[PDB]
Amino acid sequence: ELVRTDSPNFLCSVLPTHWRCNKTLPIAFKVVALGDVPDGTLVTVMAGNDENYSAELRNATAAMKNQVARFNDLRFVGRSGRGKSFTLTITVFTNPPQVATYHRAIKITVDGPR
């Protein structure tokens, strides 16, 4: 089950709306390229908001392999903040680079969904 991003050339797996800090994701994160994206193209993931430009993430780097970039255990270490969420920004380093944003924001707190 994939969802589209704000970029028509990219799709990605579904992420929770709210999750616990540093806890493994329920669904392994991956970015699917629909267009021309050569194998070996680096892809980085970044999370942040107004207060936090780039929050600490774990395993936020991957490389394209046959139109797919799989992230090995992506985790949100840093918390989004009280009453705030994160905006996931995907950057596919093609020539030139293409940026995509997750269709929705993700909240990261110490306890997670209560």
The other form holds:
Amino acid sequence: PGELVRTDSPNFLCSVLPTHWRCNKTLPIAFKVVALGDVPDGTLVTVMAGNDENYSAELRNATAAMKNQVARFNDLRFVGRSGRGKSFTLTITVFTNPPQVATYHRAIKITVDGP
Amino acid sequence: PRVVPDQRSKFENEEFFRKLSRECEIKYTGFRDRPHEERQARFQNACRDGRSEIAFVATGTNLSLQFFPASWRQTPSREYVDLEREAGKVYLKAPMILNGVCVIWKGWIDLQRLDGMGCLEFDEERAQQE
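What does the same protein look like in the form deposited with its partner chain bound, given that the last one was the form solved without its partner chain?
Time for the whole complex; same chain goes first.
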């Protein structure tokens, strides 16, 4: 599961994301969303990003499925960017019924060059 | 599934919710890079299937929505997807647990513009059975 942080939901944890990262560049770690309470295997999870400037940043491989409380994303990637050092708020949706949503504010800053 | 011990309190006192509990600009975000003509079709077809992705533009808070009763393929009732209430646009209702609190997303979207107004409501009924 690696390094984790709490999300704004009491039911989920996700990987720690680089504070600043380059557009369309693979992440230093596989993005992981960890479910605390029971969530059936196969449950679909998705990540979406946005903020005041870019309300819906384009992402790559932003879909995954739970397997033992962990939804591991395969090469998740932030293509859209946050701009004038203003960072992204992640929206993590776990598709149970109804869906469970967890936000991660100022999770990451995506510029064209990166650090 | 999982909620904080005091949902209403969290819903009423936290800036995240408050900044979202009043009608504000919302915008469909599906097929972001595609011909507006197509996006318009995608949106309605998806609405008829009971799903959509609508972000709150002001804060960039993206949401994937399911227009079905929290209880639970099958076409949604006019209660969650209304195409009549007002010609030109569609009224949508979507339950979910957001940051540990049971809420209901309500709003409408212009079938032409693919933009609109919507907000979050505390779902008392759902909140207590959790």
